[PDB]
Structures are given as structure tokens and as C-alpha cells.
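Chemist: So you can see what is in the structure, the chains are spelled out below.
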Amino acid sequence: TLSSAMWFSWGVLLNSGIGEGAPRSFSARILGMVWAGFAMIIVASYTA
Amino acid sequence: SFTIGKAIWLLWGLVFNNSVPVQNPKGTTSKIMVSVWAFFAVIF
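Those sequence lines, one after another, are chains C and B.
Position in the first sequence counted from 1, then plus 601, gives you the deposited numbering.
Position in the second sequence counted from 1, then plus 598, gives you the deposited numbering.
These are computed hints drawn from the structure, not numbers from a lab.
Even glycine gets a Cβ: it sits at the ideal position worked out from N, Cα and C.
Wrong hints could be hidden among the right ones.
If you want the ones that stay clear, here's a sample from chain B, every Cβ over 12 Å from chain C, calculated [claimed, not checked]:
1. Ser599
2. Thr601
3. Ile602
4. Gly603
5. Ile606
6. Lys629
For each label pair, taking beta carbons as the anchor points, the in silico distance ranges come out as [to be verified]:
7. B:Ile602 / C:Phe627: 36 to 46 Å
8. B:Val613 / C:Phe627: 17 to 27 Å
9. C:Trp636 / B:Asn615: 34 to 44 Å
10. C:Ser628 / B:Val613: 33 to 43 Å
11. C:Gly620 / B:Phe638: 28 to 38 Å
12. B:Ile602 / C:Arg625: 20 to 30 Å
13. C:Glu621 / B:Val613: 35 to 45 Å
14. B:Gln621 / C:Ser604: 33 to 43 Å
15. B:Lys624 / C:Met641: 37 to 47 Å
16. B:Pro623 / C:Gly633: 19 to 29 Å
17. C:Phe627 / B:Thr627: 27 to 37 Å
18. B:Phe600 / C:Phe639: 32 to 42 Å
Produce the complete structure using the sequences and hints provided.
Modeler: Now the structure itself:
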């Protein structure tokens, strides 16, 4: 599932919809959650 | 099942704060291209 885990970052940073694969293990989900966080806190700041 | 009209719908929705469900492509090259288009839309 390496390809899906590679697509996930690009599909969560570029606001796209390409690729439908989500983390399954709980121990790796929480990290991915804050990943989404980082997304906003960069792009919005850029616009500002 | 990917026509030449069901792609303008996806790209228009994507350029316009993607909210409506559409049908994504399947080829890798099309994936990278729609990703580039997403970058364009966010910058614009």
C-alpha cells in the first residue's frame, strides 16, 4: 500500500480528490490527523 | 466510462472549491495532471 500512502500526502496538501486511500492502523491515524492540520496552517498563512 | 464531457465537469468543480461529487480518472498520467490542475486552482 506504499503507492496509496504516497498519494495521500499530495491529495491532502493540494485540496485535490485524486486517490481514495486512508490509513487503517490507529497508531498511524493520529499523526495523519495533525498532517491535515499542517495543511491549513501553511496555505491560509500564505494567502494572508 | 470516461467521456470527453465528464472531464470539464470535474475540472470546473475543482477550480471552483471542489464540492460536487465527480468521477476521477484511472491512469497515472491523468492523476498527475489533475494534481497539477489542483495546484493551479489553489493558487488562482
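Chemist: Verify that the Cβ of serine 599 of chain B lies farther than 12 Å from every Cβ atom of chain C, and report whether the claim holds or is violated.
Modeler: 17 Å, holds
Chemist: Can you tell me whether the CB distance of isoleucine 602 of chain B to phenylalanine 627 of chain C sits inside 36 to 46 Å?
Modeler: With Cβ atoms ~43 Å apart, the hint holds.
Chemist: Mind checking the hinted window 17 to 27 Å against the Cβ distance between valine 613 of chain B and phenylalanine 627 of chain C?
Modeler: 36 Å, violated
Chemist: State, for the Cβ atoms of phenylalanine 627 of chain C and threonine 627 of chain B, whether the hinted interval 27 to 37 Å holds or is violated.
Modeler: Holds, at about 35 Å.
Chemist: Taking 37 to 47 Å as the stated bounds, is the beta-carbon spacing between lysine 624 of chain B and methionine 641 of chain C within them?
Modeler: 30 Å, violated
Chemist: Within 20 to 30 Å or not, the Cβ separation of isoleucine 602 of chain B and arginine 625 of chain C?
Modeler: 36 Å, violated
Chemist: Regarding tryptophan 636 of chain C and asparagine 615 of chain B, is the given constraint of 34 to 44 Å on their beta-carbon distance met?
Modeler: 21 Å, violated
Chemist: Can you let me know if the beta-carbon spacing of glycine 620 of chain C and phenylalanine 638 of chain B is within 28 to 38 Å?
Modeler: Since the Cβ atoms of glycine 620 of chain C and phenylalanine 638 of chain B sit about 18 Å apart, the hinted range of 28 to 38 Å is violated.
Chemist: Over 12 Å to the closest beta carbon of chain C is the bar; see if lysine 629 of chain B clears it.
Modeler: 5 Å, violated
Chemist: For the pair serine 628 of chain C and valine 613 of chain B, does the Cβ-Cβ distance stay inside 33 to 43 Å?
Modeler: With a Cβ separation near 37 Å, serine 628 of chain C and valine 613 of chain B satisfy 33 to 43 Å, so the hint holds.
Chemist: Against chain C, does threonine 601 of chain B hold up as non-interface, every C-beta pair farther apart than 12 Å?
Modeler: 19 Å, holds
Chemist: Regarding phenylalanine 600 of chain B and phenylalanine 639 of chain C, is the given constraint of 32 to 42 Å on their beta-carbon distance met?
Modeler: Hint holds: Cβ distance 33 Å, inside 32 to 42 Å.
When the structure is compared with the earlier hints, violations turn up for hints 6, 8, 9, 11, 12, 13, 14, 15 and for no others.
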